Amino acid sequence: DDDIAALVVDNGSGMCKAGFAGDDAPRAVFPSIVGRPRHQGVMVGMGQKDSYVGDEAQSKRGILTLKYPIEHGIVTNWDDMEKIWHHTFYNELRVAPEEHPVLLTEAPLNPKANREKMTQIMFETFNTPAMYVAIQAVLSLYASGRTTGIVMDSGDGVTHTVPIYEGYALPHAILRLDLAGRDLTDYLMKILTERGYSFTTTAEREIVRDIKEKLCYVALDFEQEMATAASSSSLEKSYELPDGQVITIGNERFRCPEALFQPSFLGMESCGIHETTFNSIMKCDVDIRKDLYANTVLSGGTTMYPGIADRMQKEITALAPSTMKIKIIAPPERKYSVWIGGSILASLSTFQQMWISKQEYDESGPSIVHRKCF
Amino acid sequence: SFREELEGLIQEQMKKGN
Amino acid sequence: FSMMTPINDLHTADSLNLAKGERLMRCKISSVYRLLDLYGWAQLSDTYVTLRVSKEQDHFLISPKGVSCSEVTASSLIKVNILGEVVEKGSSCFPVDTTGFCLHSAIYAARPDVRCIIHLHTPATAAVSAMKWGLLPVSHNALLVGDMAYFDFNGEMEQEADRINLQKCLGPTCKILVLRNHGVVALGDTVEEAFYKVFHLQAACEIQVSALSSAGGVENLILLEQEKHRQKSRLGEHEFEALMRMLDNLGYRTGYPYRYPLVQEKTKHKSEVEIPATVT
Amino acid sequence: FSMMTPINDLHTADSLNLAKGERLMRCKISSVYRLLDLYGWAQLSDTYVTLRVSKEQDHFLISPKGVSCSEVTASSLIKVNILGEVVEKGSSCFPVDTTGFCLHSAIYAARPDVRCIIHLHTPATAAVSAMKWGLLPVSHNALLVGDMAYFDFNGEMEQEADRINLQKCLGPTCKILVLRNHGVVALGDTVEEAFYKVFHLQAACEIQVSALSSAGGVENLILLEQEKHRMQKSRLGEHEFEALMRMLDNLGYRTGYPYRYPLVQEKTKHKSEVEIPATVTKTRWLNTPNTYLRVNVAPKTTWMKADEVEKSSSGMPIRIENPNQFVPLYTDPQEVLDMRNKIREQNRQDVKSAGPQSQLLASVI
Amino acid sequence: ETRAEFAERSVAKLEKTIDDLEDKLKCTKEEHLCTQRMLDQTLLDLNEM
Amino acid sequence: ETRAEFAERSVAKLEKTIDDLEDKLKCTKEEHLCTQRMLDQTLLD
Amino acid sequence: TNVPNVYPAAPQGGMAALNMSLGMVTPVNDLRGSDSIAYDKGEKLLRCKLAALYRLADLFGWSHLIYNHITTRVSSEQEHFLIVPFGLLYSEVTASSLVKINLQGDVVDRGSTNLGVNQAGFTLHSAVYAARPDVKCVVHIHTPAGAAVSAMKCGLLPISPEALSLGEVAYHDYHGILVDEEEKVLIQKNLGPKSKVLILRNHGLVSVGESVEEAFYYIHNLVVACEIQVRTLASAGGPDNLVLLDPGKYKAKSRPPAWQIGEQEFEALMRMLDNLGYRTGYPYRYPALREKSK
Amino acid sequence: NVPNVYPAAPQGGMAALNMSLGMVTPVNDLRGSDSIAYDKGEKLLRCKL
Ligand SMILES: Nc1ncnc2c1ncn2[C@@H]1O[C@H](COP(=O)(O)OP(=O)(O)O)[C@@H](O)[C@H]1O
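Residue numbers (the UniProt record's numbering), protein chains in the order written: chain A, 2 to 375; chain B, 62 to 79; chain C, 109 to 338, 356 to 405; chain D, 109 to 338, 355 to 405, 430 to 446, 458 to 524; chain E, 200 to 248; chain F, 200 to 244; chain G, 110 to 364, 377 to 415; chain H, 111 to 159.
In short, the hints are calculated from the structure, not lab data. Beta carbons are placed, not taken as given, at the ideal position from N, Cα and C, and that holds for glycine. Take the hints with a grain of salt, since some may be wrong.
Across the chosen pairs, the derived CB separations fall in these ranges [claimed, not checked]:
1) C:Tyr147 with E:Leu245: 28 to 36 Å
2) A:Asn280 with D:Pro476: 55 to 63 Å
3) A:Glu214 with B:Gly69: 45 to 53 Å
Dumping the calculated DSBU-like pairs for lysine-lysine here, alpha-carbon to alpha-carbon at most 30 Å [to be verified]:
4) G:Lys293 with C:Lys336
5) A:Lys61 with E:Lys215
6) G:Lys413 with D:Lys197
7) E:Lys225 with E:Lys215
8) A:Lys113 with A:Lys373
9) B:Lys77 with A:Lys113
10) A:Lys84 with A:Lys113
11) G:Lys358 with G:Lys305
12) F:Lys228 with C:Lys197
13) D:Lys430 with A:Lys68
14) D:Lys430 with D:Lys128
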C-alpha cells in the first residue's frame with residue numbers, strides 16, 4: 002500500500018500502457034508489436050538481436066516483419082505475450098515484478114481458458130505476489146465519475162458496447178461488433194489504391210495508420226459531403242511521406258471512418274455502431290432506459306475522430322423515442338481512460354481484499370481467478 | 062440454355078446498375 | 109425475423125410540403141393502422157382510415173394502394189383531394205389509385221365535424237351488415253356504441269344521385285353507419301373517439317354473433333330498453366395514450382405527444398467530479 | 109426463450125428398470141403428449157393417453173398428476189399395474205394420484221387387443237358428446253373414422269357395476285367410444301392408428317359443429333350414408365406419424381422414433397456440354437553448379464572436379480533456415496568504432512611499428 | 200503550448216455554462232407544455248364558467 | 200500549432216453557440232408569458 | 110442470445126406474442142430489496158401474485174383493454190385492498206405499480222405511478238368486499254363467449270361436469286343505472302350468503318375467492334364451461350336436443378407440501394411463465410419440476 | 111445447433127413452428143451452382159409453388 006504501489010498495466014490490442022497506481026500519468030505507452038528480421042545481416046560487429054519488441058521494433062520498420070500478438074481481441078501467440086510483458090516490466094519501468102502487485106484489464110466477453118492462461122503466466126513465471134483482472138469497459142465509467150451508464154469502447158481489436166448499472170455489467174446486453182481501427186486502416190489502403198498509391202508491406206501499414214490518425218474526419222451528412230467534395234478542391238490536403246513524396250488524400254478523408262456507420266462498405270452484413278448501441282439499450286429493462294439515454298460515455302482509440310460526437314448524437318436521436326433526453330459525454334482523454342480507471346480502482350483501501358495471494362493460487366490452480374473474481 | 066441465361070443475367074445488370 | 113418498422117420517418121425524409129399540424133396527424137393515422145393491423149382486423153389495403161387535415165384546405169390523408177397495413181409508415185401516406193386528384197405524394201413508388209376514397213368523399217361532403225372515418229371489413233361486422241334487423245343491443249358494449257344509421261349499398265357511389273341518398277340516410281347527427289353487406293363505418297371528430305367506437309362496436313358484434321348462434325332466436329335472449337338505458358377526459362383520449370405508451374415501450378417511434386408524464390423520475394445520486402455532459 | 113426440452117431424456121436418467129421396447133414406447137407417448145399440447149387441443153394436467161407395453165404383464169404407462177403437456181419427458185412418466193398401484197416410481201418428484209387411470213383400466217380389462225387409449229376434452233368434442241343425437245356422417249373425416257359407440261358416463265368408474273356395464277356397451281370390436289357430456293375415447297392397436305383416429309374425429313367434430321350451427325336442424329345437412337360407402357405395407361397411420369416425427373426432429377427435438385422408410389436428400393447435378401471438365405489427376433537456397441569429390445593423396460586432403468562426363472551430380476544445395484547466421488547474435492556496437500579509432504589515430508601519431516617476424520629468425524639470434 | 204492552455208480552460212468553463220442554459224431551456228419547454236395542454240383542455244371543455 | 204488552432208476554432212463555435220442558445224432561452228420565455236396571458240383571457244371568458 | 114427484440118406475430122392475435130415480448134423486458138417482480146417502510150412480506154408476496162395474475166389474464170386474452178378491474182385484499186387489520194391504477198395496460202402492470210386503497214376508494218398508497226385509480230370502478234368490488242368478510246380476491250372478466258352466455262335467458266346449464274363443479278351461480282340483473290348504495294344492497298341480495306361464481310348480466314363474469322388460486326380456478330372453470338355451452342346450445346335449438354347432467358347424483362358419485382384444490386393450475390402456469398422469463402419470484406410448492414441428475 | 115424456436119400462443123403452435131422452420135430451412139435452395147441446372151422459367155415457377 003504505502004511502501005509499494007500496484008502496477009497498472011493496460012494491455013490494449015494496439016498499444017500497451019504501464020504505470021504506478023495513484024499516479025495521474027502512465028509511465029510508458031508503446032506499440033504492442035514484435036518484429037523479426039527478414040534480410041541477411043552481413044555487418045559482423047554492429048550487433049543484431051533475434052527479435053525487436055516495442056518502440057525499438059517500430060524504429061527499424063524497414064528490415065522487420067511486424068507481428069501483432071493480440072488478434073481481434075484474442076491472443077494468438079502466448080510466448081510473444083511473454084516477450085511483451087518482459088519488455089514492459091524490465092525495460093520500460095525497470096522494476097521487478099515480484100515486489101509489487103499487478104493489475105490486468107480484459108475484454109468484457111473472453112474465453113475462460115484465456116483468463117486461466119493469463120493467471121498461470123502471471124503467477125508461474127513472473128512470480129507476482131498479487132494480481133487482479135478487470136473488465137476494460139467498466140473502468141472507463143469509474144474514470145468518468147459515474148456508476149450508471151452505457152459505455153461504448155472501440156480499439157484496434159474489436160468494438161463493444163456494454164451497459165453498467167451501479168457497477169454491474171449486464172451479461173445479456175453486452176454487444177460485440179468487428180469494426181476496429183485495423184479494418185479502417187485496411188479499407189484506407191483499399192480506397193487509396195484508386196488514386197494511384199500502392200502500399201502492400203507491413204511496414205507501410207504504420208504509414209497508412211499515421212495518415213488515418215492525422216487526416217480524417219467524420220461527415221455530418223454523407224450525401225451532401227460527397228457533392229461538396231466533387232464540386233471543389235478545398236477539402237483536399239497533402240501529406241508528406243517518409244521518403245519525401247507528397248500525396249493528396251482529397252475525397253477519402255470522410256470515406257475511411259464511414260465504414261463504422263455503414264458496415265456494408267467492408268462487406269460485413271452487420272448493422273452500424275449506432276444501431277448496435279440502440280439495440281444494446283433496447284435489450285435492457287424499461288426502468289433503466291431513461292438513465293441510459295440520458296447518460297452515454299464514449300471511449301476507445303477509434304472514438305477520437307473529429308466530428309464523431311455530433312454525428313453520434315444525431316444518429317442516436319434518429320432512433321430514440323420522442324422527447325427523449327439524449328446526451329453524449331466524451332472526455333478529451335477518452336483513450337487513456339482505462340488506465341486512469343485502473344489506477345483509481347487500485348488506489349482504494351477497500352480494494353485490497355480483491356488481491357489473490359500466491360498461496361491461494363498454489364492451492365487452487367489457475368481456475369481460482371473465476372471464483373475469486375466474478 | 063446457357064446463352065439465354067447470360068442474356069437474362071446481363072438484363073439484370075442493366076436493371077441493377079441504374 | 110422482425111416486422112418492426114419505425115413509424116416516424118419524418119426526420120429521415122426532410123422533404124415534401126406540409127401543413128402546420130399535418131406531421132402529427134400523419135403519425136396518428138399511421139399508429140391507427142398499426143393498431144388495426146395488430147388486432148388482426150385487417151391485413152390488405154382497402155382504404156380503411158381517412159383523415160381530414162384542415163377545415164379549409166381539405167387535402168385528406170389516405171394510405172397508398174398496395175401497401176399492407178403492417179408496412180405503412182408516416183412518410184408513406186398520400187395527401188389527396190376530395191375528387192381523387194393527387195395533392196401530394198410521399199415516398200412510396202406505387203401506382204396511385206383513389207377509387208376507395210370515393211366512399212369517404214361524400215361523407216366529407218356531408219358532415220364537416222368528422223375528421224376521422226374508419227371503414228371495416230371484418231367477418232363479424234360484415235355478418236352484422238348482412239343481419240337484416242341490424243345490431244340488437246343485447247350487450248353493454250352495443251349500448252355504449254350509441255345510435256346507428258342503416259344505408260343500402262350497391263357497391264358504387266361515383267353516381268351523382270347515389271351521394272344524395274347516402275347523405276340522406278346518414279342523417280344530421282349520427283356517427284355510426286352500417287352499409288348493408290359491406291361491413292361498418294365509424295365516424296369521429298378525433299381519431300381517438302373513432303378508434304374507441306370501432307373497438308366497442310367490434311366487441312359488440314362479436315358478442316352478438318355468438319348470442320344469435322347460441323340462442324337460435326330473439327325470444328331466447330333479453331334486451332334492455334333503449335329508453336331505460338337512455356378531470357374531463359375525451360371519449361378516446363385516455364385509452365389511446367396507454368396504447369401509444371405501450372408501443373413506445375416495445376420500441377415503435379410513435380410521435381404521439383403525451384399530455385401528462387408517466388413516471389415521477391426521482392432525482393438520482395449526483396457526484397461533483399462528473400465531466401459536464403453533452404457535446405454542445 | 110428456449111422453452112423446448114429434449115423429449116428422449118434417456119441419456120440423462122441412467123436409472124431404473126426398462127424393457128427392450130420400453131424406450132420406443134416412452135418416446136412415442138411423450139411425443140404424443142407434445143403433439144397434443146402443440147396442436148392446442150389440451151394444455152393442462154390430466155391423464156389423457158395411456159399405453160400398454162406388454163400384453164401378458166400389464167404395466168401401463170400414465171402421466172403424473174400436476175405436469176403440463178409441454179413439460180412431459182419420457183423418464184418422468186409412471187409405470188403401474190392393471191389395478192393402479194405404482195410399481196415403478198417416476199423420475200419426477202411429484203405427488204401421485206392414480207384416480208383417472210381407473211376408466212382406462214376398465215377399458216383395458218374389456219379389450220385385449222387395445223394398446224393405446226386416448227381421451228379428449230376439447231370443447232368441440234364435448235359439445236358433440238353433449239348433443240342428444242349421435243355424430244352425423246356429414247364430413248369425409250367422419251366417414252373415414254368409421255363405427256362408434258355411445259355410453260352414458262356418470263363421472264366415476266370405481267364401482268364394479270359400472271365397469272361390468274361398460275364392457276358390453278363398448279362392444280367386442282369397436283375403435284371409438286363417446287362419453288356423453290365428457291368427450292371421446294379412441295382405442296388403437298398401435299399408437300399411430302389411435303393418433304390418426306383422434307385427429308380425424310377432432311377435425312370432423314368442428315366440421316359438424318360449424319355446419320350444424322350455421323345450417324339449423326338436420327334437414328339442410330344432406331348427410332351421406334355410411335353403408336353406401338362400403355417397407356412391407358403401411359398400417360393406417362404410419363406415414364403421417366413418420367412425417368411428424370421427421371419435422372419434430374428437424375426442430376431440434378430428440379425423438380427415439382426409428383424410421384421404417386428413411387429419407388434421402390441428394391442435390392444431384394445436370395451435366396452440361398458447355399461446361400469444361402475439371403481435368404485433374430523461411431529457408432533460402434543457394435545453388436552450386438558443380439560437385440567436388442574427395443580423393444586420397446598421391458597425407459594431404461585433395462578434392463576433385465568430377466566433370467559431367469563422369470555422371471556427377473548437377474546441383475548442390477545449401478540451405479539457410481534463419482537470417483543473420485553470418486553474424487554472431489551477441490555484440491556491442493561500440494567495440495568496432497573504438498577499434499577503428501584506435502587503428503586510425505596511429506596514423507595521426509605515425510608509429511614506427513613493423514610486421515611480425517617468424518621464429519626461425521628468432522632462434523638464431 | 201500556453202495558448203492551448205488558455206483555450207482548454209475556456210472550453211471547460213464555457214461548456215459547463217452551456218449545460219446550465221440548456222437545463223433552463225428544458226424547464227421552459229415543460230412550462231409551455233403544461234400551459235398549452237391545459238388551454239387545449241379548456242377549449243375542449245367548452246365551458247362558459 | 201495544430202491543436203492550438205484546433206482549440207481556437209472549437210472555442211469560436213461553442214462561444215457563438217452559447218450566445219445563440221441564451222437568446223433562444225429568453226425568446227421562449229417571452230413566448231411562454233404571452234401564452235400564459237392568452238390562457239388567462241380565455242379563462243376569464 | 111440469438112433472440113429477436115420483438116417476437117414475430119401470428120396471422121391472428123398479435124396481442125399474445127406482443128405481450129410476450131413486452132414481458133420479456135419488464136419483470137413483474139419489480140421489488141429487488143429497496144426501502145419499503147410500509148410493505149410486509151405477505152403484502153409484497155401478494156403484490157407479486159396479483160401482478161402475475163394480471164399478466165396471466167392479459168396473456169390468455171381474457172381482457173377488454175382497461176375497463177375490467179381485479180382487486181385483492183392485503184388482509185391487514187383494516188381495509189387496504191390492492192387494485193391496478195386506472196390507465197395502465199395489463200402487460201404494463203408490475204408489483205410496485207399496484208395501488209393500495211381503502212374500502213370506499215381512498216388512496217392510502219399512491220404507489221410508483223402518478224396515475225390515480227378509478228373511483229367509479231371500485232364500488233362494484235366494494236359491494237362484494239362489504240358483503241363478505243370471507244372473500245379476499247375479486248376478479249371481473251369479459252370474454253365474448255361469457256357475454257353470450259350471460260345474454261341468454263336460461264343462463265348456465267348443467268351440461269358439463271365443470272359446470273357441476275362450479276356449483277350454485279349467483280345472477281345479477283343488468284340495471285345499467287349504477288344507483289350506488291341500493292345497488293350494493295341488491296348485489297348483496299343476489300350474491301347471497303355463500304356463492305362462488307357471480308354473473309353480472311350482459312356485462313361480465315365475476316369470480317370471488319378466499320385466495321388468488323381459488324378465484325383463478327373458479328373463473329377458468331366458468332369460462333371453459335361457458336364456451337362448452339356456446340357450441341352445443343347453438344346446435345341443439347331446444348331442450349328436446351340437449352342432455353342435461355343431474356347435479357346431485359354426479360356430485361354424490363364423484364365424491377404442507379400437499380396442493381390445495383386450485384393451486385395446481387396456478388403453479389403449472391407459474392412454472393410456464395417463469396420459463397418464459399417473467400421472473401415472478403412466486404414461492405413454488407416444489408422448487409424443481411424433476412429430480413436433479415446424479 | 112440451437113435452432114431457437116419461437117415462443118407460441120396458447121392457440122398458435124402451428125404459426126410459431128412454421129416460422130421457425132422458415133427461419134431454419136429456406137424455400138429457395140436452387141441458388142448457387144445449382145441454378146444453372148434448372149430452366150429459367152421452370153425455376154421461378156418452382157419457387158412460386
Ligand atoms: N489521435 C488519434 N486520432 C485518430 N485516431 C487515433 C488517435 N489515437 C489513436 N487512434 C486510433 O486508435 C487505435 C488505438 O486504439 P487503442 O486505444 O490502442 O485500443 P485499446 O483500447 O485496445 O488500447 C489506433 O489504431 C488508431 O488508429
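Cross-check of the supplied hints:
1. C:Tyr147 with E:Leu245: 28 to 36 Å: Holds, at about 32 Å.
2. A:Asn280 with D:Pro476: 55 to 63 Å: holds (60 Å)
3. A:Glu214 with B:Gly69: 45 to 53 Å: Holds, since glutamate 214 of chain A and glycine 69 of chain B (Cβ atoms, about 48 Å apart) stay within the stated range.
4. G:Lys293 with C:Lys336: holds (20 Å)
5. A:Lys61 with E:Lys215: Status violated; Cα separation ~46 Å.
6. G:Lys413 with D:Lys197: holds (15 Å)
7. E:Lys225 with E:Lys215: holds (16 Å)
8. A:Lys113 with A:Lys373: holds (14 Å)
9. B:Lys77 with A:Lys113: Given that 30 Å is the threshold and the Cα spacing comes to 47 Å, the pair is violated.
10. A:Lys84 with A:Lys113: Holds. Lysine 84 of chain A to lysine 113 of chain A sits at ~22 Å (cutoff 30 Å).
11. G:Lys358 with G:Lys305: Judged against 30 Å, a Cα distance of about 20 Å means the pair holds.
12. F:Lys228 with C:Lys197: violated (38 Å)
13. D:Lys430 with A:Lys68: This hinted pair holds, its Cα atoms lying about 15 Å apart.
14. D:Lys430 with D:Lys128: violated (62 Å)
In terms of the numbered hints stated before, the structure departs from hints 5, 9, 12 and 14, listed from lowest to highest.
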